[PDB]
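*Asks:* Using the sequences plus the hints, can you model the full thing?
The primary structure of each chain is shown beneath.
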Amino acid sequence: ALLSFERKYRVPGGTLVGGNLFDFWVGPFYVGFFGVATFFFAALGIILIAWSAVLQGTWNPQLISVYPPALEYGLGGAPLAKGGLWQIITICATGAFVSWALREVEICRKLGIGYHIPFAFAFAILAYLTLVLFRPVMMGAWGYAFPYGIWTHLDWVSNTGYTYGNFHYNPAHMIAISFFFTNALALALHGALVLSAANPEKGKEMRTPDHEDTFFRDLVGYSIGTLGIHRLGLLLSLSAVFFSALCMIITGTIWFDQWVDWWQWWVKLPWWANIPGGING
Amino acid sequence: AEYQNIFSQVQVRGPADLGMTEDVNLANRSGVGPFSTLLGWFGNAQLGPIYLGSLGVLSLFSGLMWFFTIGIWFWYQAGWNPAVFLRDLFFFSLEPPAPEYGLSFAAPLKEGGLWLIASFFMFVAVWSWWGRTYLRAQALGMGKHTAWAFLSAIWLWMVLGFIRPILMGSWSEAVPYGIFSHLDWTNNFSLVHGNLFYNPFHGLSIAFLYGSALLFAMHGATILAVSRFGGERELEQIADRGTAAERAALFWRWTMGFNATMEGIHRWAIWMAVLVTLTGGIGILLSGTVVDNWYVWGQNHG
Amino acid sequence: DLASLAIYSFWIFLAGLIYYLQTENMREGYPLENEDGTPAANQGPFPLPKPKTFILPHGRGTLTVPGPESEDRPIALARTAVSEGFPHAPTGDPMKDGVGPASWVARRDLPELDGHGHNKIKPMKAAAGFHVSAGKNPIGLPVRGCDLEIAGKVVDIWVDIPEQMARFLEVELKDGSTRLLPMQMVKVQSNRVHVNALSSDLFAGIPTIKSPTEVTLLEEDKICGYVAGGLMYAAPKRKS
Ligand code: BCL
Ligand code: BCL
Ligand code: BCL
Ligand code: BCL
Ligand SMILES: CC[C@H]1c2cc3[nH]c4c(c3C)C(=O)[C@H](C(=O)OC)c4c3nc(cc4[nH]c(cc(n2)[C@@H]1C)c(C(C)=O)c4C)[C@@H](C)[C@@H]3CCC(=O)OC/C=C(\C)CCC[C@H](C)CCC[C@H](C)CCCC(C)C
Ligand SMILES: CC[C@H]1c2cc3[nH]c4c(c3C)C(=O)[C@H](C(=O)OC)c4c3nc(cc4[nH]c(cc(n2)[C@@H]1C)c(C(C)=O)c4C)[C@@H](C)[C@@H]3CCC(=O)OC/C=C(\C)CCC[C@H](C)CCC[C@H](C)CCCC(C)C
Ligand SMILES: COC(C)(C)C/C=C/C(C)=C/C=C/C(C)=C/C=C/C(C)=C/C=C\C=C(C)\C=C\C=C(/C)CC/C=C(\C)CCC=C(C)C
Ligand SMILES: COC1=C(OC)C(=O)C(C/C=C(/C)CCC=C(C)C)=C(C)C1=O
Ligand SMILES: CCCCCCCCCCCC[N+](C)(C)[O-]
Ligand SMILES: CCCCCCCCCCCC[N+](C)(C)[O-]
Ligand SMILES: CCCCCCCCCCCC[N+](C)(C)[O-]
Ligand SMILES: CCCCCCCCCCCC[N+](C)(C)[O-]
Ligand SMILES: CCCCCCCCCCCC[N+](C)(C)[O-]
Ligand SMILES: CCCCCCCCCCCC[N+](C)(C)[O-]
Ligand SMILES: CCCCCCCCCCCC[N+](C)(C)[O-]
Ligand SMILES: [Fe+3]
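Residue numbers (the UniProt record's numbering), protein chains in the order written: chain V, 2 to 282; chain G, 2 to 303; chain F, 11 to 250.
Please keep in mind that the hints were generated in silico from the structure rather than gathered at the bench.
Check each hint, because a few of them may be wrong.
No farther apart than 25 Å at their CA atoms in a straight line, the calculated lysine to any residue pairs in the SDA-like style are these [to be verified]:
id, chain 1, residue 1, chain 2, residue 2
1, F, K135, G, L184
2, G, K111, V, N281
3, F, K163, G, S173
4, G, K145, V, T183
5, V, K203, F, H68
6, V, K269, G, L184
7, F, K62, V, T183
8, G, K145, F, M134
9, V, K205, G, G142
10, F, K106, G, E3
11, V, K205, G, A148
12, F, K146, G, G15
*Replies:* Shown next, in the form of structure tokens:
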């Protein structure tokens, strides 16, 4: 039940709520007040989904889907079989995610480490909240939120995107995408570079970080360094998500026409709007 | 407020770092570039040296030729007018030959010939660049992980511009060179194949793309959270585990009930990343060669 | 059909890859132990991988993992409950004893070396000719702890040569000796360096280094563990 080096770290302390009341583990898992909160929220949420499944009349995971209130309910309550369950499951999800982040903070404090991890996770939570809470509220109805189902949530992405034409033309979406692709690129290279150093050609000694800098300067004329790469992966992945949330929060609110038409502002600039030739003359 | 190690508070500099020698032909290395204090807030201040070499030159010349061929066509589409060039920059497009030319090299310059020439240059640029990622590791005695990883990106690329067109019987299936047009091509590809959301390899590619950001956010944040114990010195933590690697593993064991090592996180990393383009390339390559309509295929599972 | 074949194959491949990855990541810390240090009955469904060996540079030897695990140091903690899963109370001063968030690992009592075989980390005074290139130069500033008292003054910065970065501040105490403070644990301000982790009376307790111009992987761990431990353990002497 313990890693060989684990015991010296399992001291008391670090909790945010409850003093020593929940300061303990179950197998590998730390508990804490927020472990209890997470269990409660997640448990209710899952039970409510299983109840929503009965009211839908299916048990197949590819078919279970919990849809938010239809648009006519606005921002109000809805009968359970018709949107109410979604609404309660969403409060449960939120409670679970935030509890999970706060439990991570208790773990950081016990371990004497920086808070970077729950801080990073809070970006994902902010993205979920943009879709299920912030955007629907600004738009005036819960029904603009995505439904909880494996394929139905995809139907929502497709339908929502094509409401605005080819969603590729959302410029915040272009930036988000660029961060996603760049992040995967940098993840590949970081993993590969560390491993190429740690696992050199047969019979050779482990290479050093000096070799890692060298390899990347040889290759592209720069190396960000070992601190920098971890700063970078973190920045790229949080930026991707910041821009994801941004790209959606602005859609259906400040911009609601076809995203491709947004780009006319540049073509219509007085200096060149009226010169013939090219694509737009 | 405590210091968070996102940006450095104090930079230091010493003699330009010329790098490890090992088996590298030193005649082929530039001098050092300048030193960017701006960069140094976040990463290393030093630029260069870079390695040149014969393959290097070839790859760069080829890459330029690809870039210039597209840009020449763009200027032409702009009727040589600077103002129209900038106005319409994202709208220009160098397009592959029409279906009727099939796989032949016999289309006119203005109607696909130029596309093939640009593509030719892109092909030698990328592959000789691949050669360089292998060769620069070799000369340093390092593993070949970078070149193996790069090969997975190359695979989606080769599938899109080369292998899928060949299997379909025409260059018209390939992607055009343009900012907006490559996007239109992408949206169209999905429409014409019954919605890529029903392609299991597209959904896998997404799981991995999102998984990469999840994992890089996790790893990057973890290393920074343990940088106060020297956590980013990962190679020496692998050789001689410290309290950084242990606090890191235990953060995760305690949170989610399992954990990595300092070396093995890097393997979860490389694989999470390469599988984006591995599964992606497969999903595209199957699209239209074997499966005409993902929604249809999905209804039969087979 | 071929797509069906590819997808079924992929999932088999992926199960194999996850198995490979989880077992690679069992090269340290396993087998699992009970709280008393004996092998736990339940090791889980993944077995240990075959050993691999890393050849270390500069005559430092090799590392083979998995291998026998031991702490190689005394752990001054005791149970607080009669069953598994509860915290272990420090039996003395956890800062002095190096447990909890004050923990250190029995790393090699040698300095990390760069690719040329020289000490990776050196005081800047001995690093030719490294200098501050941007930001407030901390050298000469008073050092303040979380009790808002002055603990000493910065007399140098220890720098990583091959990576050109600041790693520690060397701080001189009232008695004329120095300590290392991790760069990540200090805040360089215009008139001072502020250290939230430690009150000023804890500075003398920071683990000392044996030679004044180098620091070993073991000494770094003890210094860094001790300073981080102050977050939890100096909290009574801190201080809104
Ligand atoms: C995966 C399915 C589609 C596709 C779908 C999309 C979608 C959707 C989006 C992009 C976006 C991008 N795509 Mg695309 N993309 C495809 C294949 C590619 C290929 C290729 C196969 O060689 C290339 C070069 C590009 C490149 C581009 C960039 C213009 C842009 C950001 C990429 C990035 O962050 O990379 C990683 C970062 C790097 C380190 C290198 C990238 C640097 C860029 C600037 C160079 C690429 C082209 C370059 C000539 C453009 C210069 C602009 C001016 C003409 C000077 N795409 C295929 C066909 N791509 C985003 C965009 O902003 O589009 C406008 C976007 O929203
Ligand atoms: C036809 C469809 C449209 C489309 C319309 C849309 C729409 C609509 C949306 C996007 C959004 C996204 N699109 Mg798009 N877009 C399309 C084309 C693409 C293409 C492409 C190559 O063509 C790409 C690369 C992208 C990429 C992007 C991303 C920038 C973004 C999704 C990531 C994200 O929001 O993360 C954010 C991460 C999360 C929300 C996850 C958070 C989860 C956390 C908090 C908790 C989960 C815990 C729990 C339940 C797990 C279970 C516990 C178990 C024990 C494991 N789109 C086409 C043009 N796109 C979305 C976006 O930005 O959303 C904000 C969005 O809503
Ligand atoms: C982010 C922008 C869009 C959206 C765009 C898309 C698109 C497009 C696709 C997915 C796909 C996925 N999405 Mg989605 N997705 C959205 C928000 C979510 C949220 C959420 C915010 O709570 C969740 C939990 C999911 C989860 C899912 C998975 C079923 C599937 C693979 C994801 C993945 O590997 O992520 C990366 C994270 C990891 C690798 C960690 C693993 C965690 C996963 C496996 C958790 C699964 C949870 C699920 C089975 C049930 C959760 C509830 C339980 C009762 C606890 N999506 C919003 C609406 N998503 C893909 C799919 O194939 O769907 C069929 C796909 O093509
Ligand atoms: C309307 C749009 C369609 C759709 C159509 C497509 C199509 C078509 C494709 C994808 C593909 C992808 N889609 Mg999709 N996509 C849909 C909706 C989404 C959504 C969403 C709704 O949220 C998401 C998250 C995604 C996400 C994804 C990615 C998982 C995947 C591309 C991975 C990649 O890294 O490629 C980026 C990486 C590369 C392109 C490889 C780069 C090649 C190397 C060699 C670079 C050479 C560059 C060099 C020469 C240039 C130098 C310039 C520098 C400045 C030096 N899609 C909808 C349903 N999608 C791709 C895929 O694999 O599908 C299975 C793909 O072909
Ligand atoms: C911000 C950058 C990226 C990121 C970062 C991030 N994610 C994080 C963290 C970080 C740093 C972790 O600390 C935390 C973690 O512990 O990881 C292992 C986590 C995490 N990210 C996770 C998932 C996840 N992250 C995602 C994405 C991202 N996370 C971003 C791309 C996605 C995507 C892309 O779709 C998913 C699916 C989990 C593995 C984990 C948090 C687990 C957790 O909160 O557990 C507590 C709650 C439960 C155990 C279950 C709650 C059940 C609900 C009450 C009911 C379900 C409702 C749900 C809304 C229905 C969904 C149905 C779907 C079909 C849509
Ligand atoms: C595993 C999946 C991910 C991935 C991985 C990946 N990419 C790779 C590799 C790997 C591991 C690298 O080894 C290789 C690399 O060298 O990275 C630094 C690379 C790479 N991926 C790149 C781009 C890229 N990768 C893509 C992304 C991805 N790559 C996936 C998400 C994308 C997307 C998302 O579309 C882009 C656009 C390059 C940065 C690099 C491959 C470089 C290359 O093939 O070069 C060929 C052409 C040239 C040599 C130059 C081209 C000409 C330029 C247009 C001119 C402008 C600059 C010029 C060089 C200036 C010259 C001036 C002088 C005269 C002074
Ligand atoms: C200022 O003006 C100048 C002219 C000086 C410079 C400006 C230039 C400009 C504006 C350039 C702009 C370039 C742009 C916008 C390019 C964008 C390209 C994009 C977005 C590419 C996206 C997809 C590319 C793919 C998938 C291509 C794949 C290519 C291959 C796999 C190569 C296949 C090889 C073929 C078909 C040739 C076969 C030949 C043999 C025999 C091997
Ligand atoms: C293997 O790890 C990596 C580094 O290598 C040691 C890097 O160097 C970079 C390059 C990062 C940046 C900031 C490019 C911009 C720099 C200039 C010249 C302005 C990436 C992506 C990376 O993955
Ligand atoms: C030409 C695209 C180059 C790829 C880099 C990122 C793409 C985003 C381009 C859109 C710029 C957004 N904005 C608002 C500044 O116009
Ligand atoms: C190398 C890291 C920089 C990201 C490069 C990827 C292209 C995305 C465009 C960057 C635009 C960001 N911003 C905030 C300036 O608009
Ligand atoms: C891609 C790297 C470029 C990013 C440069 C950002 C510079 C930020 C400088 C902040 C300095 C903070 N402070 C207070 C210590 O000076
Ligand atoms: C993707 C990063 C590209 C960075 C390119 C850096 C080029 C370094 C220039 C070195 C030239 C030095 N010099 C003039 C002495 O030869
Ligand atoms: C590095 C390995 C991590 C494995 C993560 C795999 C997540 C699986 C998500 C299911 C995707 C479903 N589908 C049908 C689109 O393939
Ligand atoms: C893809 C999501 C699947 C959910 C399973 C999560 C994996 C956690 C494995 C740790 C199990 C903990 N333990 C030691 C009690 O077995
Ligand atoms: C995305 C990959 C999903 C797989 C992650 C689940 C693997 C759990 C491994 C748990 C094993 C922990 N244990 C018992 C060896 O200590
Ligand atoms: Fe790393």
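*Asks:* Against each hint, give a clear statement of whether it holds in the structure.
*Replies:* These are the hints, each one checked on the structure:
Taking the CA atoms of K135/F and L184/G, the gap is near 56 Å; set against the 25 Å cutoff, the hint is violated. At most 25 Å may separate the alpha-carbon atoms for a hinted pair to count; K111/G and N281/V meet this at roughly 20 Å. For the given pair, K163/F sits about 71 Å from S173/G by alpha-carbon distance, which is inconsistent with the 25 Å threshold. With a CA separation close to 21 Å, the supplied pair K145/G and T183/V stays within the 25 Å bound.
Annotation: proposed proximity of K203/V to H68/F holds, straight-line Cα distance about 17 Å (limit 25 Å). Using a Cα cut-off of 25 Å, the hinted pair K269/V and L184/G holds, with the two alpha carbons roughly 22 Å apart. This hinted pair does not check out: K62/F and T183/V have alpha carbons roughly 33 Å apart, beyond 25 Å. At most 25 Å may separate the alpha-carbon atoms for a hinted pair to count; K145/G and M134/F exceed this at roughly 36 Å.
Simply put, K205/V and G142/G have alpha-carbon atoms about 7 Å apart, close enough for the 25 Å limit, and the pair holds. Distance restraint check for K106/F and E3/G: the Cα-Cα separation of roughly 24 Å lies within the 25 Å cut-off, and the hinted pair is therefore satisfied. With a C-alpha separation of about 19 Å, the suggested pair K205/V and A148/G falls inside the 25 Å cut-off, and the hint holds. About 17 Å separates the Cα atoms of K146/F and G15/G, which keeps this hinted pair within 25 Å; it holds.
Of the numbered hints stated above, those contradicted by the structure are hints 1, 3, 7, 8, listed in ascending order.
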